[PDB]
Amino acid sequence: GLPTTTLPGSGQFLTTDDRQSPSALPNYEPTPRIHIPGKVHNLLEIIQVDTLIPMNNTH
Amino acid sequence: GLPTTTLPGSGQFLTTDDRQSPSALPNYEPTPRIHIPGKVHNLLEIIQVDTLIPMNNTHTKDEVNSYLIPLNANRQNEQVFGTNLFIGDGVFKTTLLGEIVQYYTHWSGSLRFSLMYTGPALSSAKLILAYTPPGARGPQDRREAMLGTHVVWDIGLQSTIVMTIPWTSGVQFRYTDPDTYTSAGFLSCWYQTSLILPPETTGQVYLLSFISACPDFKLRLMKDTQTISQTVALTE
Amino acid sequence: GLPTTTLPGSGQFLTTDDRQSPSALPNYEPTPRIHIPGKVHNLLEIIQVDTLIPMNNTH
Amino acid sequence: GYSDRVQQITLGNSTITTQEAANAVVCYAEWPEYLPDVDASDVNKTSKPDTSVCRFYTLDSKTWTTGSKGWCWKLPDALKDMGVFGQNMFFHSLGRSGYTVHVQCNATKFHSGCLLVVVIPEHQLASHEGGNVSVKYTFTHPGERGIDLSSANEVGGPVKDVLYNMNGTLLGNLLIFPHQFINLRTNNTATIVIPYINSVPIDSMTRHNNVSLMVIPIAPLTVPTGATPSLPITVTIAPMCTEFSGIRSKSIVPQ
Amino acid sequence: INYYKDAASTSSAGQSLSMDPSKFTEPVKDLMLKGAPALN
Amino acid sequence: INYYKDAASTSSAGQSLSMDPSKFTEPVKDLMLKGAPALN
Amino acid sequence: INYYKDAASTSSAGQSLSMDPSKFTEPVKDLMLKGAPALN
Amino acid sequence: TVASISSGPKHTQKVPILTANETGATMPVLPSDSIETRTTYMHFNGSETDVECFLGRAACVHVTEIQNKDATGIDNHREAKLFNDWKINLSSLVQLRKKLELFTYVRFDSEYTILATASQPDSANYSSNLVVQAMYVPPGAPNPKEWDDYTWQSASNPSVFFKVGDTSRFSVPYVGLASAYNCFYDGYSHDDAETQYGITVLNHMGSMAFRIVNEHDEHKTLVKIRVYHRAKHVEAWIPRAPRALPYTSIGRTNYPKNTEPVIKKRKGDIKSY
Amino acid sequence: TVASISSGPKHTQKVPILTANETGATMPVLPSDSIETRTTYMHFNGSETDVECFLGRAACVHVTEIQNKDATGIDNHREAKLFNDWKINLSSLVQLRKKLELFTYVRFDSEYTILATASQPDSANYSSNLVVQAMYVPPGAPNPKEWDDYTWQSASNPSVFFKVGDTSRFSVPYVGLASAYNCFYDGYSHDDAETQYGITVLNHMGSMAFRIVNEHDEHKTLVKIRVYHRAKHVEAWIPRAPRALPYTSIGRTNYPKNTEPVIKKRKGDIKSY
Amino acid sequence: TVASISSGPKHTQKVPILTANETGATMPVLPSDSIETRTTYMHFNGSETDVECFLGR
Ligand SMILES: CC[C@H]1COC(c2ccc(OCCCCCCCc3cc(C)no3)cc2)=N1
Ligand SMILES: CC[C@H]1COC(c2ccc(OCCCCCCCc3cc(C)no3)cc2)=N1
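Protein chains in written order, with the authors' numbering: chain 3, 1 to 59; chain 3', 1 to 236; chain 3'', 1 to 59; chain 2, 8 to 262; chain 4, 29 to 68; chain 4', 29 to 68; chain 4'', 29 to 68; chain 1, 17 to 289; chain 1', 17 to 289; chain 1'', 17 to 73. A prime marks a further copy of an entry chain.
The shape of chain 3 in the complex, shown without the other chains:
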């Protein structure tokens, strides 16, 4: 038995933390990926495509 101390924050759930978890479906094999045109990696990729501005807002 190794001695430990727990710190403030133990047991909290922070929606933004990133840790490991047990898989509920041990050993399951996902469907293979096939190729699909159009993959997005960054939202910065798409905000460089121009779109129309409803400038004439007066309606």
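Since the hints were made in silico from the structure, they are not lab data.
By construction, the Cβ of each residue, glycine as well, lies at the ideal position given by its N, Cα and C atoms.
You may find that some hints are simply not true.
Computed list of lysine to any residue pairs in SDA-like fashion (alpha-carbon distance at most 20 Å, straight line) [unchecked claim]:
| id | chain 1 | residue 1 | chain 2 | residue 2 |
| --- | --- | --- | --- | --- |
| 1 | 2 | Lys-116 | 3' | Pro-198 |
| 2 | 4'' | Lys-62 | 1' | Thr-28 |
| 3 | 4' | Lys-33 | 3' | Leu-25 |
| 4 | 4 | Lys-57 | 1'' | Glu-38 |
| 5 | 4'' | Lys-62 | 1' | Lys-30 |
| 6 | 1 | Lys-287 | 3' | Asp-89 |
| 7 | 1' | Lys-114 | 3'' | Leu-44 |
| 8 | 3' | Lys-61 | 1 | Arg-282 |
| 9 | 4' | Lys-57 | 2 | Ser-10 |
| 10 | 4' | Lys-62 | 2 | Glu-151 |
| 11 | 2 | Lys-167 | 1 | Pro-262 |
| 12 | 4'' | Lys-51 | 3'' | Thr-51 |
| 13 | 4 | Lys-62 | 1'' | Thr-42 |
| 14 | 1 | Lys-273 | 2 | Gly-163 |
| 15 | 1 | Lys-273 | 3' | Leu-234 |
| 16 | 1' | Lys-85 | 1 | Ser-139 |
| 17 | 1' | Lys-26 | 4'' | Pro-65 |
| 18 | 3' | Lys-61 | 1 | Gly-284 |
| 19 | 4'' | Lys-62 | 1' | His-27 |
| 20 | 2 | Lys-52 | 1'' | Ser-23 |
| 21 | 4'' | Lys-57 | 1' | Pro-44 |
| 22 | 4' | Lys-57 | 1 | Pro-44 |
| 23 | 1 | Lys-114 | 3' | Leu-234 |
| 24 | 1' | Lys-283 | 3'' | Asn-57 |
| 25 | 3' | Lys-39 | 1 | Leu-116 |
| 26 | 3 | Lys-39 | 1'' | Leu-71 |
| 27 | 4 | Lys-33 | 3 | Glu-29 |
| 28 | 4' | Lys-57 | 2 | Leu-18 |
| 29 | 1 | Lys-287 | 3' | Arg-142 |
Selected chain 1'' positions facing chain 3' (in silico; Cβ < 10 Å) [unchecked claim]:
| id | residue |
| --- | --- |
| 30 | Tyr-57 |
| 31 | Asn-61 |
| 32 | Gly-72 |
Fit chains 3', 3'', 2, 4, 4', 4'', 1, 1' and 1'' with the ligands to the given chain 3 structure using the hints.
Using the frame of chain 3, we list chains 3', 3'', 2, 4, 4', 4'', 1, 1' and 1'' with the ligands on its own:
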């Protein structure tokens, strides 16, 4: 599953502990630093800059005048000012030195006390500043004063005189909040000869006095300052 | 997140255990030691000095 | 035969000579310099009028009398109307600058008096009303006139109490800011070089002042017998390494 | 260190650091050079 | 050992051990030597 | 393994294993040999 | 390191103790320039006066309170403390404020600890176990309106759920818009004749609104939230004079009128000890 | 290691058993100087008599008590035990005191454990869960005044928050002003004719004041605090005679008048067994 | 990485700002194609806009 045991103290929150925490904002990129003159790294850097001491504390409401130590022409043998050296209280207390010392419990080191003369250029004066180490009373006359640490100051072209209160102590640390066992002495100043004004001139002349710490100085065991408090939370 | 199990005795306070603790005064510098004659290391050092016995206990 | 005492500063088309100086202070030991690329953000090339803006402007003179409490000027405000410096100021969106400040006050070897000349980076003033009353714009933009600490409280203006630096701190501790004394017996001028100090690389010159220059009598003026009881104090200031960026239409500011 | 056997149980992935907007911003068949005329 | 990915999540920094009061105590333009006259 | 930065936070010290009673049991100025007469 | 060197009698033309303070310098004079000293060592590093250490311990920055009670018929949850928000800021509670305002610009990461304890001031059979959900409502994001709005879904906004009686802890990077946070700002948000002055317009960061996730039990439960803040990775520029008068407002320098003399008057003369 | 060597008959001019105790020495005489012995080994190191071991286990040094109750209309929180402080010290509770005073000067780091348990002596529906906040009020720092003063912000003063029923543990470096703590001090704080004498003027360190963070429930709850202290990294100088009479005061050597004979009288003669 | 390069006056036959949006492209025009710029660096990677980050809380 690795076997563990939790010790006493688990779950406590100690405001002074230093550990890692998850970031709430994963992957966020802070603004770049640009250069800004003036970076401070240690409070020890700043307590070496001297600031004015309201030595003339005798007023009744805070005034620019309690920074001015007056001098009288033609007095001989007499005493210009006196103070004990409880740097955390009394005259010292509002100075930057006094103000920082109050964030710590213990101090040790030498102090630098200087006086800048502001009288007409055609006047002259010789003063004696004396440091009295712990153990004797505040000196009562120059004879008594002159037997301890002292500097005869001759007022000249060079306007300021820097007296050092060298660390004289049995115990290597003193308390910043005034304590007896731990007390540091007295500082007094007397006419050595006397102030003399030129013709066509009259009245009082004043000395400005500063305090800063020597590079010698140590402060330790941080705590809360008696210099600030509040009764309800502030709002916008 | 690494999986753990806590054993019997968790949370107990044993006045005789010897472990690490956080310092309440982070970074504080203690007064230097100076030399003092007389250091004791073991109680076995001192019980070898003889002392008087109130043998005449009859008072 | 160089003395700490005599000095000449030539900047642009203007020169100052002092024969009774007491060295010069360079804030935080740094000398004004232009904005490096590594620190840049705005993509605009900046404009550096050089000698037409980096010369010495002498503000109107003040009069130290035995009752004076002290005066306060803000930068770049104090210069908002000086020559082309000022025009550039109202015409660009952003600008940046360092300064040489030269405060002048001469008397004779029978006078006494001592002024503190200090530069305070980001001097946020307090309302004399207390609470959370704000200090209106006009009040913190006195222009070349500066603020006269012995003038009366006004409404929407700052507090003018000297033992508190106009902000809740004691006069005695102003010495932690770059400063120099003018002690009639020693000194006759004070000179401070101010590098640009901000938390952003360049800023607006009209909505934010980045230093207040403050001249405060501390040992009262004492003139020789039957002398006139007052001396003028003059402040001359020169922008140095000035850069303007984001030119356009020309700001319109309150009052 | 993964403590678990399955890949789904590992933490979040790490930045694509891929980034290529041209499939979205310039899907034209004949290449357009900036500075050259759009329509020749 | 950092257990977390972001730098903000690490513990306190470690002593500057920088320390140079001269920007505050001696910001004069012409260097003053202790022992030499202040004003020449 | 120390988990903490300060020395006060470490566990108990480890045995002096110093042990020298002579400062207490034989602080005499001229050395006494067992077996030789106490007072000569 | 030597704290003092050995120095003996002096009869020179070289006087280190005469200076001209008008210059603005504090000449580095030592005991050995004016008395005869002996060698002594420092034995000390100045570790605990590092600014990281000075600003690096948790300080209480905010105490708020919310209650768990039947919201049935409450027209204004916010007003019933069915939840609350804190227009985040640090200069509210002051112990820490005076410490930070020793500097003009400050840059650091924050570590927050949130302690929540419950009170049941009037007759309850028991103490219930409530889960708090504090969430970060940065500015531009919508404000909840009820204690159970879509807002609380918080799909893009970091939120932490912990139990009353426990503590929550997480750390946020330096979120300032500029290179440092301004402890002071002698400016306006624009050249308006009536706009506010000071830092309240700069050091913007929206708020952090707390709520209990639990529905109501038969009694009412008061939960009081205390937020602690610890600076880590500190960087501070341009020291200033310490605060002397009391504070009146978050973000302005203003002091109260008819305040009291802050310098202690002597009981005696200038000459007194 | 041999505990005894083998030694046989002796008929010498060299007598190790005759000495002169007037000299102040304890001559190192052994069984083998006066009887015939056989070899035997020690099999032992003297591990558990090391001073680190002797002073190194936790001892109870203080029991105090505070209560959680409605402070409404209380004119003196301190007096209602709405919180309390302990003018920190170690010679109060004695088991540990006699142990330390076997030495004149002692130097060590302290490890504190604080156990807090609650009592509800009069009718309660339940047991509430209270968080204690003990904080270090070193001397010069201000004293709280109410159980919820600005003091408790403790922005610069180390404080720990733990739950009643749990334990808190942290360790403080050796905070003495000198090189060691004086277990005894035959002096005064100054040459005053009426100043106090002893160690109470030396071993100064201000206090540690506890409070409950929780507001009040409908019943009252008594929380009793026990502070345990363990010396780690011990260094002790100059052994002294053990304490024989009972103690009367923290910090003075004084014993009670008409105390009882401390040496057990024989039931019989000097000659008795 | 540079966010903007330095660029000065232009008087060309090569106009990067005239395009034909009918083509469906968004031509990659920059500040330096139409005003005079100074060098500046990005100081930023676009970390927190990665889709793993966007959908990962
Ligand atoms: C005291 C004078 C000036 C100086 O600094 C400041 C100051 C003011 C505000 C400030 O903001 C801190 C950032 C807060 C944002 C953290 C996110 C909160 C949160 C909750 C959850 C869940 N996740 O994140 C940081 C510094 N004001
Ligand atoms: C028994 C005879 C003499 C010998 O030693 C002593 C003696 C007396 C007092 C003493 O002080 C121990 C230090 C206490 C300070 C620790 C800080 C407490 C604290 C609370 C929190 C939260 N963080 O820290 C240490 C030793 N008296």
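Each hint tested on the structure:
1. Distance restraint check for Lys-116 (chain 2) and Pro-198 (chain 3'): the Cα-Cα separation of roughly 9 Å lies within the 20 Å cut-off, and the hinted pair is therefore satisfied.
2. Restraint check: the Cα-Cα separation between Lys-62 (chain 4'') and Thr-28 (chain 1') comes to about 13 Å, which is no more than 20 Å; the hinted pair holds.
3. With a C-alpha separation of about 11 Å, the suggested pairing of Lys-33 (chain 4') with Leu-25 (chain 3') holds against the 20 Å cut-off.
4. Taken as a hint, the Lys-57 (chain 4) and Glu-38 (chain 1'') pair is honoured in the structure, with Cα atoms around 14 Å apart against an allowance of 20 Å.
5. A threshold of 20 Å between alpha carbons decides the hint, and for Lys-62 (chain 4'') with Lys-30 (chain 1') the separation of about 9 Å falls inside it, so the pair holds.
6. Between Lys-287 (chain 1) and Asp-89 (chain 3') the CA atoms are separated by roughly 17 Å; this keeps the pair inside 20 Å, and the hint holds.
7. In summary, the hint linking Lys-114 (chain 1') to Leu-44 (chain 3'') is supported, as the alpha carbons are separated by about 18 Å, within the 20 Å threshold.
8. At roughly 12 Å between alpha-carbon atoms, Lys-61 (chain 3') and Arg-282 (chain 1) fall within 20 Å of each other, so this suggested pair holds.
9. Restraint check for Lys-57 (chain 4') and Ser-10 (chain 2): the C-alpha separation of about 13 Å stays at or below 20 Å, so the hint holds.
10. Simply put, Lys-62 (chain 4') and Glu-151 (chain 2) have alpha-carbon atoms about 39 Å apart, too far for the 20 Å limit, and the pair is violated.
11. Simply put, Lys-167 (chain 2) and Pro-262 (chain 1) have alpha-carbon atoms about 17 Å apart, close enough for the 20 Å limit, and the pair holds.
12. With a CA separation close to 16 Å, the supplied pair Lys-51 (chain 4'') and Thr-51 (chain 3'') stays within the 20 Å bound.
13. At roughly 11 Å between alpha-carbon atoms, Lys-62 (chain 4) and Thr-42 (chain 1'') fall within 20 Å of each other, so this suggested pair holds.
14. A distance of roughly 15 Å separates the Cα atoms of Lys-273 (chain 1) and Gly-163 (chain 2); the hinted pair therefore holds under the 20 Å criterion.
15. With a C-alpha separation of about 16 Å, the suggested pairing of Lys-273 (chain 1) with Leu-234 (chain 3') holds against the 20 Å cut-off.
16. Pair hint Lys-85 (chain 1') plus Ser-139 (chain 1) holds up; C-alpha atoms about 14 Å apart against a cutoff of 20 Å.
17. Between the alpha carbons of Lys-26 (chain 1') and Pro-65 (chain 4'') the distance comes to roughly 17 Å, so the proposed pair stays at or under 20 Å and holds.
18. For the suggested pair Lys-61 (chain 3') and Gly-284 (chain 1), the alpha carbons sit about 15 Å apart, so the restraint of at most 20 Å is met.
19. Among the hinted pairs, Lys-62 (chain 4'') with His-27 (chain 1') is consistent with the structure: their alpha-carbon atoms are about 16 Å apart, no more than 20 Å.
20. Proximity of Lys-52 (chain 2) to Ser-23 (chain 1'') is assessed by CA-CA distance (about 9 Å); at most 20 Å being required, the pair is judged to hold.
21. Restraint check for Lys-57 (chain 4'') and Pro-44 (chain 1'): the C-alpha separation of about 17 Å stays at or below 20 Å, so the hint holds.
22. Only pairs whose Cα atoms come within 20 Å are accepted, and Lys-57 (chain 4') paired with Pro-44 (chain 1) is accepted, the gap being roughly 17 Å.
23. The straight-line distance between the Cα atoms of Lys-114 (chain 1) and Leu-234 (chain 3') is roughly 13 Å, inside the 20 Å bound, and the hint therefore holds.
24. A C-alpha spacing of about 9 Å is found between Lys-283 (chain 1') and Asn-57 (chain 3''), which places the hinted pair at or below 20 Å, so the restraint holds.
25. Simply put, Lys-39 (chain 3') and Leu-116 (chain 1) have alpha-carbon atoms about 14 Å apart, close enough for the 20 Å limit, and the pair holds.
26. The suggested pairing of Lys-39 (chain 3) with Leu-71 (chain 1'') holds, with an alpha-carbon distance near 15 Å, which does not exceed 20 Å.
27. The straight-line distance between the Cα atoms of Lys-33 (chain 4) and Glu-29 (chain 3) is roughly 13 Å, inside the 20 Å bound, and the hint therefore holds.
28. Taking the CA atoms of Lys-57 (chain 4') and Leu-18 (chain 2), the gap is near 17 Å; set against the 20 Å cutoff, the hint holds.
29. For the proposed pair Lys-287 (chain 1) and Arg-142 (chain 3'), the alpha carbon gap of about 13 Å is at most 20 Å, so the pair holds.
30. Interface restraint check: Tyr-57 (chain 1'') against chain 3', minimum CB-CB distance 8 Å, threshold 10 Å, status holds.
31. Interface hint status for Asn-61 (chain 1''): upheld, as the beta-carbon distance to the closest one in chain 3' is roughly 7 Å, under 10 Å.
32. Satisfaction of the interface hint for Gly-72 (chain 1'') is found here, the shortest Cβ-Cβ separation to chain 3' being roughly 8 Å, below the 10 Å cut-off.
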